[PDB]
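Since the structure comes first, as structure tokens, the remarks are kept for the end.
The complex appears here minus one protein chain, its other protein chains still in place.
Labels run A, B and C following the written order; every chain starts at residue 1.
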Amino acid sequence: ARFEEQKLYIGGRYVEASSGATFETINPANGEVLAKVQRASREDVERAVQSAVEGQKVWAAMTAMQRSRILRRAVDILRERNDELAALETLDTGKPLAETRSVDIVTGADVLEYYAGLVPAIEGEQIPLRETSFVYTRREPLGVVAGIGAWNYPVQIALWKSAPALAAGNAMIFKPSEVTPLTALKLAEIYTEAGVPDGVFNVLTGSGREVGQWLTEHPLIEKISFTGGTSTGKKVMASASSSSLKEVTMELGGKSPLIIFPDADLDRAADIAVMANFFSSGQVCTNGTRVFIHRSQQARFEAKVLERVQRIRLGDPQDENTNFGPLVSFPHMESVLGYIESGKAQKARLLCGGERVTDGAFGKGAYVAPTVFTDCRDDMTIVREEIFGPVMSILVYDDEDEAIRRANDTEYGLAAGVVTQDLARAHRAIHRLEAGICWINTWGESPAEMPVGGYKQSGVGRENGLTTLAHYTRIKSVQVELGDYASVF
Amino acid sequence: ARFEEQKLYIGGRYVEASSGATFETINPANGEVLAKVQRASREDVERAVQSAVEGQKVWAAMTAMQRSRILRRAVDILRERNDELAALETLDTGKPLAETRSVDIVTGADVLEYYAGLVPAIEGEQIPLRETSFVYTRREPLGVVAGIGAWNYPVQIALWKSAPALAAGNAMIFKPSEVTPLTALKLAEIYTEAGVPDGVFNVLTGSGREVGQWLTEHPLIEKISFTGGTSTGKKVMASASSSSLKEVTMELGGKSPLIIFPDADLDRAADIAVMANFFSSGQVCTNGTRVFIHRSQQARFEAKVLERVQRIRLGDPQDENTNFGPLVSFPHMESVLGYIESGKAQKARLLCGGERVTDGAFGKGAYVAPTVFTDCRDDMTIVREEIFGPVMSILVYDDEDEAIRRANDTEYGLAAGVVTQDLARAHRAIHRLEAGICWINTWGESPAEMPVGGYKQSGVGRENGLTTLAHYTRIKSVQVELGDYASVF
Amino acid sequence: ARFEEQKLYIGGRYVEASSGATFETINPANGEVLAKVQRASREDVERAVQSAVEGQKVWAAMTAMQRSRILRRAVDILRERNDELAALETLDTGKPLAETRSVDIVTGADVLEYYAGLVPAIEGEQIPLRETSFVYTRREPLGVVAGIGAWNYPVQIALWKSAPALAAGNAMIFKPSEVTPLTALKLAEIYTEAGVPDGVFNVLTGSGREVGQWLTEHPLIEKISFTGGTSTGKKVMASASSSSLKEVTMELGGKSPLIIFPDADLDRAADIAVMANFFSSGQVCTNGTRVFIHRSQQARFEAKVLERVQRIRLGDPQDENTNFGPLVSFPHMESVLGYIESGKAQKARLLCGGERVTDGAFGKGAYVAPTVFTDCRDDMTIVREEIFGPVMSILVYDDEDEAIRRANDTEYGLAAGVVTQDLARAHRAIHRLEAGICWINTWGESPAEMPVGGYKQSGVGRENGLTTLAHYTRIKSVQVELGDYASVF
Partner (left out) sequence: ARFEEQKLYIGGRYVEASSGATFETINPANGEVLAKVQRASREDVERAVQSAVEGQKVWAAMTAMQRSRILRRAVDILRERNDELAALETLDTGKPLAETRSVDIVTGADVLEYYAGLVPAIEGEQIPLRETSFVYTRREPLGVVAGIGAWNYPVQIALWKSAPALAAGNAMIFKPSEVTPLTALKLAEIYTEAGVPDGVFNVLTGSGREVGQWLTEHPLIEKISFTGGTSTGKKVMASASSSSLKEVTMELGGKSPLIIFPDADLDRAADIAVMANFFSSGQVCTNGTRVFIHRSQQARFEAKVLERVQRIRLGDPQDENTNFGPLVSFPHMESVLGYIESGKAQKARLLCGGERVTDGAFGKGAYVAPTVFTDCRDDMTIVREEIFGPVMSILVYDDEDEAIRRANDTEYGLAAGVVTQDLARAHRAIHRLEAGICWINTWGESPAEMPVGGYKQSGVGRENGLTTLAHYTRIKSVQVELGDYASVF
């Protein structure tokens, strides 16, 4: 293995698991085994929780500004170690260094930096009832919470979940994807170095079926925050609910629509469509994988998309000139190729890619070509199902209401966007689209200030923005009676 | 039966169920059959959902102030029919006329009145990102929601659930408990009379063994609001989660602690304890059923409690002088007596009552005497488990930290209260008590402005207050890009 | 006179002034004497303050929902008497019935209705400092506040000032314009009938020089809210400041820019421009009296404006078909005619109107034709100075940045608007315009939810919206120390 065996992180330090079992993480660029990683046992989970319990007491006992200064220090360390964390993330995900150096840690730390500044602003309410009585509310920490991470943006997700949790005075136990465990451990180190009390951010590695489930079931954990497929999200939420009525946050899948209206600049529209489909090799939940184009612009639009896709620079993620890397794993590559086959079988016209890239050294990695399908139909498998790979489906429409009805016609509802120059149409259309994340004349930007999450089966709750920080506290109302008490008895 | 057969309420009128089944509702004061009530079929749930979907569109297309005025009109009618509705609730619940006339509809209407005033204040946010881009959020209705009521406060709960839901522009399908179906049907008539559009408040009758489940599982229902026992709640929330990832609010059970500190006025403390245990014959979720008294004061406090309990006026709920009625149902009485038996069996000292009242006309009702146990211990069943009847457990303690530690030692966390004249101790203690509803020197008052709900397994989410209104909307974030768009490809 | 002598309104009824003096209010349509009106003396002011102080105590002692219900009852009476009140406002202002029946009372009552609903939502904050200390804030009533009104929307202004004041638990002493005293007194009657305690809304008539100033100087009045000209506002604000440091709201004049961009529909642009100049005979503070048109569209725009202006129905305000009435007074007409003369003398090109209309019955009143000057320049008197009459100035520009720079080149800053179909231009332009009230593709609408007020010399503070309610309370911060106090001594 390229690295030494990875251990659990409990109580401000690495500790041995008690499972006697490990798993491997695999560089998707070349098949290389990067490291063996220990599997948390059930008792290791018990251990993490007890550690989390005592750590949270220390963390919550500090002042708001003390917590804020510690989180800001972590932000500083993240900025310093940006390029080094990125390089690790690139080995572990296959994502191009050009992305990991500029997006993953930068935007992960952005959210942490945002919340660090907001600790002192968490406030309750005061309500006068009458001269002899009033109420005040407190926003108290939940206590111990758990985050279960996804494999497309491992460290960013760990940051987006842990930042609000810690800022609100909680301790978090985090479980990275078994697929991408490496950077989460590094984040734990950084928190500890920043001054976060032992136990406040612990990392447990292992599978979702086991340690993931052991966390969602644990009676001492107060909330679960999950990021993954909708199918898994349902199991996780039910488990969290039926075990001990935990609060939950679910960021799940989508099949998000992008509608190009007939007055759009086609150069901008194509730039948006390719970004909404091919960044991180198509492994972004909010991707605009259903692209609606008006009949009158279909030929020009396809030509413009084609031209951009052709010049995509697929290659070794270590090469700074690469802007399109392999997929995250070989099994995931197989999944994508199956969907691609589905599209061919169902008679969608293949415009670009549509197969594995095996030339030379690429055969050793999980490379799928940037693929565009056109002449698609709403009932095709590639159009209904989330592919989570580099697969664009182009759908022609004739009028606005049709485009909107079709965009909305899905059980998903994470993101949606429109391209248009007309003031009234932009707002009108976005107001009718059933998604939590809506973009006008852009795609993919997710400011720390902007609450993001899904409508329908694409999620529950939100991340980022002031509202997310509020939902990592619980409300206690205190009624103070200053006068008499009357009893009917 | 006293009344005609009760039908379903869908689309602004009564319609015939399609189940071929009915169930009875019984006056618990005398075993009289009040009415046969039709059971919704699964196809009837579907019919109520489609009706709600169409109604919600009409409702949400009105202006905020139009919705506000309509809800304000429903409040006026409720004020007019307070006594008439109270009488009907008394028949159905066995609760004394003295209670239903001054609490149930009054405080139900209080909350509707409160939310009616707030419809025009539901706002989103606007966030500048830079000169060429900003975001704004919309707080959009969820759409169709379901409420599931409990049997202790049927109409009040229907109001507490439907008011925020409708205020926020949703339609609600409501299922009263099969034990108390009558007043919810009246509420539906009233909304229609006030101008609420057809389909916006539909009522489905049945039980948790069917229609309840059909509601929590329906794919087109976006949120479940549930009030009931913790054990049922866990089931409900799991079904709500796994079926279609619904949002949920759960108001569940409690074993709420009332700590009487040594400096307390024992007359007030006694008053608070009796109110916290015997109002609505002990059928209040937030009841203070574990009463901690300091050892130095145990003798004195037990005498003051005894004196009040002795003069409780148990009797026919129809008599205005009655302030303690029978229980809601005979099966519920059996459950309660079971617990009282447990108390005796585990050697707690019976101070008061402890049996069914069967003298004269009472033998035909479900009357359980006001019961007080003392010399209790934390491992007794009557102390760990919610009884939801007239059973107070008095527990001796020695120091402040011990009382609080014990008060907190429960999976429950609905309410908690302290009685004390000391400024510091009142706040110090209340801040350390793990409950969502905290009372200082009083008990049971639940203003429309005060968010209420449980910590731990006593609930998820809140009812009443500003925050609850927000939780009947979903957030959509809109990013408007006014400048250039940059692609890496 | 048409009506009996109008007396002061103090403490829930009419009382004789103690000045020995009166003035007359005149119908501007025909010069008819509507009423003798009493002038409040200095002692009457003192009487109204003492009344207000006592009434405020009763008002604030009520609960939030009690106040809310009384204000709602006032709304109901206003809706009932809309037409009768409009008729009176038309007599007093000369504004067409078609306007007074549908705008003045409707939108005045809209704002009262909005705030009535919000009374229970006024809340302070709670902030934990450490385990042994926290703070909570109270938003307490200011106490007694004064409103000074203007003559163009007399009752609407009285409502827009008294609604938030009373909703926040204050008492208001209101001084309507000497020019238009009649409807303010009716409002005071209506408040009383709705159940507003005696003293809570008192009305003093007289001049600004005397009674207005006595109000702004009185040591027991905590806030002044004024609507009028910028020049007068400076005096009033200085006086409120130096006397006793009162809080202030100032709604003043403007010279608001309307920018029509080259991609605008010119029919919509012309509709907007005429509505923004000729409603209430040009006597609206937020009027868009500087209208910027691109050089390439000048001729077509003028033709469209001219076509609409030609069909304006100047006439007797009592006639329902009239949509353009006389000005409020003969002296105000003289002022407006002076500006019109200035425009001719400085060589602006007269497109429409530009003179008094004296034909037939119009000679009895103060009627100025709707007037349009074009080929204007920035340095012209009519372009620099608020005219407050029916005088539109059309200005030609060549580029967007030029238009915006010129629109901002003024000491005023009340309103601004753009007409454009382009998404990016609409927001970009509005964001750069230095005014508090900004309209895109519309003009003049002022929803109860929307904070309105001026930038620069056009105002201080705001009216309407959530923010305004807050500004009629004062913040008290309360720190509770629960632990030890330390002294350096």
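Throughout what follows, a residue touches a chain if its C-beta (ideal position, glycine included) is under 8 Å from a C-beta of that chain, and two chains touch if they have at least 3 such contacts.
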Contact residue for the chain not shown (choose from A:10, A:40, A:48 or A:116): A:116
Listed residues C:10, C:34, C:194 or C:312, member touching the removed chain: C:312
Residue of B:3, B:23 or B:136 touching the missing chain in the full complex: B:136
Missing-partner contacts on subunit A, residue numbers: 64-65, 68, 72, 110, 113-114, 116-121, 123, 131-132, 134, 423-424, 427-428, 431, 448-449, 466, 480, 482-483
Where the unshown chain meets subunit C, residue by residue: 98, 125, 127, 129, 133, 135, 137-138, 219, 222, 230, 233-235, 237-245, 247-248, 250, 252, 268, 271-272, 274-275, 278-279, 308-309, 311-312, 323, 411, 426, 430-431, 435-443, 445, 447, 449-453, 455-457, 459-460, 462, 465-467, 474-482, 485-489
Chain not shown, touching residues in subunit B: 61, 63-64, 123-131, 136-138, 420-424, 426, 440-441
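Basically, only the chains that are shown with their structure count from here on.
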For subunit A paired with subunit C, centre-to-centre distance based on mean C-alpha positions, whole Å: 50
Chain centre separation in whole Å, for subunit B relative to subunit A (CA means): 36
Residues of subunit A engaged with two or more neighbouring chains: 125, 127, 129, 137-138, 426, 440-441
